[PDB]
Amino acid sequence: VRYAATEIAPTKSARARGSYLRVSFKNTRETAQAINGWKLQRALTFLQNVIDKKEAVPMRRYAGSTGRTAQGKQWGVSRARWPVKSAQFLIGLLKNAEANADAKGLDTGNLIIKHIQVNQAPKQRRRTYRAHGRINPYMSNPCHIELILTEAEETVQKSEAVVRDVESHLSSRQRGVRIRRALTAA
Amino acid sequence: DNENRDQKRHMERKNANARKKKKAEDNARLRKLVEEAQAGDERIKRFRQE
Amino acid sequence: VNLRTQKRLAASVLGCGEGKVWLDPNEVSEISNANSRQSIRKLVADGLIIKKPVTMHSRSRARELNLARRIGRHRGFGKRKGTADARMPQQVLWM
Amino acid sequence: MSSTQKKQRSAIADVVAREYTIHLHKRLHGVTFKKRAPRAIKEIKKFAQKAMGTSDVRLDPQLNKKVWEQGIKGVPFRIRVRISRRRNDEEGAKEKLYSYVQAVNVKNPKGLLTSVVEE
RNA sequence: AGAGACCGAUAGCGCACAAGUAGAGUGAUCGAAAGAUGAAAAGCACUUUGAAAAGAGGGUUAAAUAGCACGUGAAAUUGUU
RNA sequence: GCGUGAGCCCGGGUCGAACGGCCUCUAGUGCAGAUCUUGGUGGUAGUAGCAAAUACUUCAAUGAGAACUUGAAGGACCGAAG
Ligand SMILES: [Mg+2]
Ligand SMILES: [Mg+2]
Ligand SMILES: [Mg+2]
Ligand SMILES: [Mg+2]
Ligand SMILES: [Mg+2]
Ligand SMILES: [Mg+2]
Ligand SMILES: [Mg+2]
Ligand SMILES: [Mg+2]
Ligand SMILES: [Mg+2]
Ligand SMILES: [Mg+2]
Ligand SMILES: [Mg+2]
Ligand SMILES: [Mg+2]
Ligand SMILES: [Mg+2]
Ligand SMILES: [Mg+2]
Ligand SMILES: [Mg+2]
Ligand SMILES: [Mg+2]
Ligand SMILES: [Mg+2]
Ligand SMILES: [Mg+2]
Ligand SMILES: [Mg+2]
Ligand SMILES: [Mg+2]
Ligand SMILES: [Mg+2]
Ligand SMILES: [Mg+2]
Ligand SMILES: [Mg+2]
Ligand SMILES: [Mg+2]
Ligand SMILES: [Mg+2]
Ligand SMILES: [Mg+2]
Ligand SMILES: [Mg+2]
Ligand SMILES: [Mg+2]
Ligand SMILES: [Mg+2]
Ligand SMILES: [Mg+2]
Ligand SMILES: [Mg+2]
Ligand SMILES: [Mg+2]
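Protein chains in written order, with the UniProt record's numbering: chain A, 2 to 187; chain B, 249 to 298; chain C, 2708 to 2802; chain D, 1 to 119.
Among the hints, a few may not be true.
To be verified - Cross-link-like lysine to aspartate or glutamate pairs, in silico, EDC-like; alpha carbons within 16 Å at most:
1) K269/B <-> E43/D
2) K2758/C <-> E2725/C
3) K271/B <-> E90/D
4) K270/B <-> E90/D
5) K268/B <-> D89/D
6) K280/B <-> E90/D
7) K293/B <-> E90/D
8) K94/D <-> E147/A
9) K115/A <-> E154/A
10) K40/A <-> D166/A
11) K115/A <-> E8/A
12) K280/B <-> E118/D
13) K271/B <-> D89/D
14) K268/B <-> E91/D
15) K26/D <-> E43/D
16) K66/D <-> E43/D
17) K293/B <-> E118/D
18) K46/D <-> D56/D
19) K270/B <-> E95/D
20) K86/A <-> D108/A
21) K269/B <-> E91/D
22) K115/A <-> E168/A
23) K268/B <-> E90/D
24) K96/A <-> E147/A
25) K271/B <-> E91/D
26) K105/A <-> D53/A
27) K270/B <-> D89/D
28) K42/D <-> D56/D
Derived by calculation from the structure, the hints in this document are not laboratory data.
All chains should be built: construct the whole structure from the sequences, respecting the hints.
What follows is the structure, given as structure tokens:
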């Protein structure tokens, strides 16, 4: 439909999205923010191992009064968790994106998570029975997910701005000094 | 000419379970032969005693 | 497979509860396509469905205690909880 | 560099069976009464996993009989079992081996060392 | 039946819609919310990934930055850069 | 860009069928408050919490996926004012 970046040409990249997914928004956002700019194979191995409970995803923004663990120190944070259900949903989109890359004919050896996004979704209605005959809402927070995969070049070792810089509007007294120094030095 | 992708998948279901069970049975037979050969072979019996 | 219907039908045919019906696990696929009691009586007559026996409950200790009571063994002062009138009323002794 | 050579030797030696004596009294000391029997099975599973490095253990219903024979609160102090390692033939398998444990019947488990069963 | 220096979907009758309807109360009675794709459905053939829902291609149209959650799509609040 | 000010005018993007300047007439004509009315949305917060009624376990089958689906084998409860 319309992705959030629009600076990526469709013919040199791959893309995928999914909407109305019934997964926790705050946990999925932390998983997505954890996997950003990584290699595709490394991200797939890391995220599946999260399901296997060998490493933990750091909780950074939505981490109010949450327990601590020793596996987060490698991220420099003391709070981390294991969102299995969001990891399971993420595998579906990462595999779908790989299927689109191979179908399009790109080289699957070296991919990068170029763009990734999690958005909120319309909520769902449920009720609760509290006390004294009162009723309170019982909501859910679904989300949309989308991502774009591109190639990796990372090779820039040249620029011409310094050579471009030139001196156009010069005063007469300074120009005279420049000429005199040119003569006295060469 | 199949009513699109869905029908092939519907039959593929049955085809897949049949082939997987059959493949497992074939592996079973292959190993069963390997084991018969291991049991019969006398080289191992002398090798362990030494 | 879902064999919920078969236990109810077998219990109805056998005239017992579903806690005493035994179906052998090794042809459950073939048992599942019964869907009728006439077929259930054919399966019970073929030995695939049987009725389990009752649980043991014997009165050996009770009757041997009765025999030991017949010769005055367990009727001391420490084994009675009611009054003598409750155990053997005077009204019936006089009667 | 010889790790692969040792696994190769193990390709011939993978089928094997031994006898073990599990002292369950020393591992069930202090646990809740309403959880002793379910915990003992998980301790047997971890004992087999540590013993054979298979990460896939299958219990014998006869061993279930021998561990649930005296209710939850009644668990034998010691038990004698047979551990045999065999290959997993199903193609869609994470790891290629698994263990199958079963109960060896004896009058008492005292005085017996561990031995490698030979056929 | 004919008209207006009247109102223009939180307005105008409670009702521009299967409105005195749905719903609450034993009962007398109380009583809502809800209009707009496009000139014409021409409402996405088929390929592929996927358990499915869905995605990517590829198609119709002047436009899908109009896709039956459909004209225009502001603020509170949220995501990436 | 203009005016002290309420405000007016232009450039760029989106969109698709009606709209302004000047002089008179007319009014349901200018909002931050009223524990204002209706609708929508936040921090608190991935927090409080999901703790009465004794209790579960092994193998096999179905299935993309099984503590709370099915079969068998154990262990238990209701204990005739059930
Ligand atoms: Mg805090
Ligand atoms: Mg605190
Ligand atoms: Mg707390
Ligand atoms: Mg409540
Ligand atoms: Mg009430
Ligand atoms: Mg909320
Ligand atoms: Mg009496
Ligand atoms: Mg008297
Ligand atoms: Mg203690
Ligand atoms: Mg109205
Ligand atoms: Mg409205
Ligand atoms: Mg109204
Ligand atoms: Mg509308
Ligand atoms: Mg499409
Ligand atoms: Mg479809
Ligand atoms: Mg347009
Ligand atoms: Mg439009
Ligand atoms: Mg909307
Ligand atoms: Mg719109
Ligand atoms: Mg805003
Ligand atoms: Mg129009
Ligand atoms: Mg007014
Ligand atoms: Mg206001
Ligand atoms: Mg005021
Ligand atoms: Mg309000
Ligand atoms: Mg809590
Ligand atoms: Mg509580
Ligand atoms: Mg309870
Ligand atoms: Mg299966
Ligand atoms: Mg339970
Ligand atoms: Mg009892
Ligand atoms: Mg009575």
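The hints, checked one at a time:
{"no.": "1", "hint": "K269/B <-> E43/D", "result": "violated (33 Å)"}
{"no.": "2", "hint": "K2758/C <-> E2725/C", "result": "holds (9 Å)"}
{"no.": "3", "hint": "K271/B <-> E90/D", "result": "holds (9 Å)"}
{"no.": "4", "hint": "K270/B <-> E90/D", "result": "holds (11 Å)"}
{"no.": "5", "hint": "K268/B <-> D89/D", "result": "holds (12 Å)"}
{"no.": "6", "hint": "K280/B <-> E90/D", "result": "holds (14 Å)"}
{"no.": "7", "hint": "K293/B <-> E90/D", "result": "violated (30 Å)"}
{"no.": "8", "hint": "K94/D <-> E147/A", "result": "violated (31 Å)"}
{"no.": "9", "hint": "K115/A <-> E154/A", "result": "holds (12 Å)"}
{"no.": "10", "hint": "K40/A <-> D166/A", "result": "violated (39 Å)"}
{"no.": "11", "hint": "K115/A <-> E8/A", "result": "holds (11 Å)"}
{"no.": "12", "hint": "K280/B <-> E118/D", "result": "violated (20 Å)"}
{"no.": "13", "hint": "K271/B <-> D89/D", "result": "holds (10 Å)"}
{"no.": "14", "hint": "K268/B <-> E91/D", "result": "holds (9 Å)"}
{"no.": "15", "hint": "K26/D <-> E43/D", "result": "holds (11 Å)"}
{"no.": "16", "hint": "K66/D <-> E43/D", "result": "holds (15 Å)"}
{"no.": "17", "hint": "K293/B <-> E118/D", "result": "holds (12 Å)"}
{"no.": "18", "hint": "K46/D <-> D56/D", "result": "holds (10 Å)"}
{"no.": "19", "hint": "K270/B <-> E95/D", "result": "violated (21 Å)"}
{"no.": "20", "hint": "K86/A <-> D108/A", "result": "violated (30 Å)"}
{"no.": "21", "hint": "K269/B <-> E91/D", "result": "holds (10 Å)"}
{"no.": "22", "hint": "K115/A <-> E168/A", "result": "violated (41 Å)"}
{"no.": "23", "hint": "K268/B <-> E90/D", "result": "holds (9 Å)"}
{"no.": "24", "hint": "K96/A <-> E147/A", "result": "holds (13 Å)"}
{"no.": "25", "hint": "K271/B <-> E91/D", "result": "holds (9 Å)"}
{"no.": "26", "hint": "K105/A <-> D53/A", "result": "violated (32 Å)"}
{"no.": "27", "hint": "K270/B <-> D89/D", "result": "holds (12 Å)"}
{"no.": "28", "hint": "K42/D <-> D56/D", "result": "holds (12 Å)"}
Against the hints set out earlier in the document, violations occur for numbers 1, 7, 8, 10, 12, 19, 20, 22 and 26.
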